[PDB]
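*Asks:* Please construct the entire structure, taking both the sequences and the accompanying hints into account.
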Amino acid sequence: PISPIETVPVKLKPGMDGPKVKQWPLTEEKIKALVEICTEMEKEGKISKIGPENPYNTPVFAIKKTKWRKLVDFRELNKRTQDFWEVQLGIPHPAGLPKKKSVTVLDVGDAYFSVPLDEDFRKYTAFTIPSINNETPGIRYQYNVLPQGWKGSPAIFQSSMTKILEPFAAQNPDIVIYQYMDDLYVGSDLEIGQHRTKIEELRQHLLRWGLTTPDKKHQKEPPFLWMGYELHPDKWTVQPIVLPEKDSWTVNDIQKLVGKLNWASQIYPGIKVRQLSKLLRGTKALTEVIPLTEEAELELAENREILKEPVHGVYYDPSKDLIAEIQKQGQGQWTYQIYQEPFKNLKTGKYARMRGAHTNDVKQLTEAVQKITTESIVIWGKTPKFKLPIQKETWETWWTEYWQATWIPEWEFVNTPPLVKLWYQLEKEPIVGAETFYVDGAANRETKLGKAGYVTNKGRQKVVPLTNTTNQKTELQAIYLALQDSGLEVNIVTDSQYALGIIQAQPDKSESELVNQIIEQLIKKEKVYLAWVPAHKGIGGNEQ
Amino acid sequence: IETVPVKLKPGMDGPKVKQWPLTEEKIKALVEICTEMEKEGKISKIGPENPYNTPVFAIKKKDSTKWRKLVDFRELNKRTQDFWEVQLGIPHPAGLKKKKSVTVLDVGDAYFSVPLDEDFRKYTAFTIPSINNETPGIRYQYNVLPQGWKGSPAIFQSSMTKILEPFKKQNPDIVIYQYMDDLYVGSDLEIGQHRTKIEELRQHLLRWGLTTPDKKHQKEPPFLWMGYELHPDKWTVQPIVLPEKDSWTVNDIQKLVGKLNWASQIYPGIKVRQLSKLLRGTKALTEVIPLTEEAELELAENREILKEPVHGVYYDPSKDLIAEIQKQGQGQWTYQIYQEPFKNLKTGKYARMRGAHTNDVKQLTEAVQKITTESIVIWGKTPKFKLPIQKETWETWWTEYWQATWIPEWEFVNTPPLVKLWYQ
Ligand SMILES: N#Cc1cc2c(Oc3ccccc3OCCn3ccc(=O)[nH]c3=O)cccn2c1
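The listed protein sequences derive, respectively, from chains W and S. Residue numbering for the first sequence follows my numbering, beginning at 1 and increasing consecutively. Residue numbering for the second sequence follows my numbering, beginning at 1 and increasing consecutively.
Simulated from the structure, these hints should not be mistaken for lab results. All residues carry an ideal CB built from backbone N, CA and C; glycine is no exception. Treat the hints loosely; a few may be bogus.
[Unchecked claim] As a list, the in silico BS3-like pairs of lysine-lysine whose alpha-carbon atoms are at most 25 Å apart:
#1 W:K371 with S:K391
#2 S:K28 with W:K371
#3 S:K234 with S:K100
[Unchecked claim] Looking from chain W toward chain S, a few residues come up when the C-beta cut is under 7 Å (computed):
#4 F84
#5 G96
#6 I379
*Replies:* Next comes the structure, spelled out in structure tokens:
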């Protein structure tokens, strides 16, 4: 396991030095069982003995898994070493993997120990094996190779591997090698006999650099279990998902449920987490038992009905197009599928609005399209064609009068219900020959009282008393009254930029029941106009 | 020639910024480009011991079919500010907005021959990302003075001042400003001879070793505008307009009164009293109501006070410039640049070609570039924008239409209210 590999120069943090930490503990037999392994690591040249001539120190403990293992507590080193380039924050997603006729998995052994460490560094990594009392001088060792648990080991091993592989993929650039941590994944289109030749060649190449590889053929035979996935030579899916059935549900359980569901939603379509996470809305207690709702139980039941049958996805083929289609589940939840061929889904997903209390369907569709765009760029490096349940004249009307600047790429119509619509439109200009309601509302901050009402141009007046409301809610309530007591054409005038701003956004749904009612009223009307005048300027207003 | 020593502000580390995922197209561009760039000794491949990173994007040069590498050096600029502002900082002349023609050139190809300080080379590290996280990106750091860094023109400033001297001697009515990779040349001349004078300057820089890719359509342009040419004499705070009507109605007067009451924040001398009493009785919106003598008095008064410049509006070099763009629809966008609220240092409106050419995001992007350019011309730096766009959307499509060498700071507002036609 020796290596002639160029080493990465390492420094500690500025104005810092190596760790000095004392270790007494513990047993006679831990001390005894450490020496045996230490000798072998020394013989293999992975470590070397030293007298001080200061080594510094690091705490060292021994653990048992028949075969003992050496554990070093490096927390007092890692804090003192320089920061490194982060390695991989995430893993390759199977949806974007090139399909090859054969795939081989090769794991290297003693990975970090198979790469050398910087010479002017090693002195900081040294430690001691305590003699059995008797104030007897300790056994001081230091690391000549990348230590386990050290801050720079993953990055440096990964780098050394990256450089080592370079004069190979040059010789045979028909073979594709994915690098992940200690693992190397190979795949190709060659003959099954030629592929097995290339793997065997690469193994020897790595062997000359001091990298071990599985001897029996090459280890794991498909399907593979990797990072919670299942990789078949044709199709891919997730690992078995078990949703527990219990009477008591804590926050700890709901976190796992939401986790597993969110996870399983990448392939299994139709999974809805909205109601189940509503229980997780209490963010406070971790161990508190949370009672389920009637909507959440049903949601989980639906998810179970989806998780009965197995379903799986396909792989990526650049020579073919990329298509994505979106469906609305109605609660603010959306599901989407990304495919090449109609019956073969690469992967599925879900998008649900959280932030904000007021949103319409077109905007949510835009945000869904957005998430799909980002995800698509990340995974396949391109953007999909879009199949969306919306008429062009609907969308075109939406983004023209919308204050934000939105965008959607090339997309073709889909008539699959439910379609996204504009259920109503407020009139741009006032209606001539229509009753004009002057609405206002008010509340007391302390008593949470206050009233909502209107005075028309025809002299009609009304006031409804309201208990347990807020200053804003009454400002919505008045505009509600104006919608109830009017004809099919009504001009409303309100002083509240709150309510005005809300209604002008044209929401088709909300959390507040009052707003739901107002939407209901707005759909039934023929023509609706809403104007705005400054409050407390004494113009046409109400004083209550 | 060796190197000018570059130190960050004491108590600050180097830039660590995540790299945005990119299209395979853009990745191929940033691979090819950085490959030949590595072959020219301008950049080198680094190791795992270099934790620093800076974003990188692929844009179009101007109208060109060939790609261009655009580094977002912002976070490095914030941490190098002692170098390019305090110590080596480049002064901004306050008379550039005075001239009637200002042509902008790209001199950024000059910095590529100047070596960067060895100890500081690790900070300029950038990563060319891969697809689906196959591998971590291709790592590179800058051996030469990088484009987009504010320290590059600060260092090159001496050589630049030496080169421009024989030109400034021959015509000392011309003021020249250098902002990073861009050379803003002001003049009072006729358009016809201004463009020629500009060509004189271009060939002057060209014969002294600065090769500027301002070479235009050569002789005959197919359909396009030759130069990038502004006219700051028309840049000033624009007045507020009260819509003129033959006959006024109730609701029209309501919108009027509301608008004026909004204008009462920038103009304490506004009185709506005579317009408030005329709406006293509760009438229909569509009822046609004529104005009185007092009301017309109050209209003619506030029409006069509205076209006067706001008293006591002064630029503060300590404070940042802040820009707001709001969407007016039909390819028109209105914008205001202020430091403190309701004190508007500059206001205006930007519009585009009517037909199927441009869309929302494109219009907004170009608008940002324009406003930024005007701000550079006037106060000598870029405003932080409050953008009327979804964050993740802008973070996606902004590079497509971005032809500028710099990248001003920005943030995204989800609110903006009834202020629509108030600025129209
Ligand atoms: N244990 C495991 C494991 C294998 C892999 C992996 O294998 C590939 C390597 C090169 C090219 C295509 C590949 O796979 C594409 C998908 N695939 C996977 C398995 C198979 O038999 N056939 C197939 O086409 C890539 C990423 C993560 N991995 C994890």
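*Asks:* Let's test the interface hint: is any C-beta of chain S closer than 7 Å to that of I379 (chain W)?
*Replies:* holds (5 Å)
*Asks:* Does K28 (chain S) pair with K371 (chain W) here, judged by a C-alpha cut-off of 25 Å?
*Replies:* Judged against 25 Å, a Cα distance of about 24 Å means the pair holds.
*Asks:* Between the alpha carbons of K371 (chain W) and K391 (chain S), is the straight-line distance 25 Å or under?
*Replies:* holds (12 Å)
*Asks:* Mind checking the alpha carbons of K234 (chain S) and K100 (chain S) for me, to see if they're no more than 25 Å apart?
*Replies:* holds (9 Å)
*Asks:* Taking 7 Å as the limit, does the beta-carbon of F84 (chain W) come near enough to a beta-carbon in chain S?
*Replies:* With a closest approach of 5 Å, the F84 (chain W) hint holds.
*Asks:* Any CB of chain S closer than 7 Å to the CB of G96 (chain W)?
*Replies:* holds (4 Å)
This entry satisfies every hint, going by the numbered hints stated previously.
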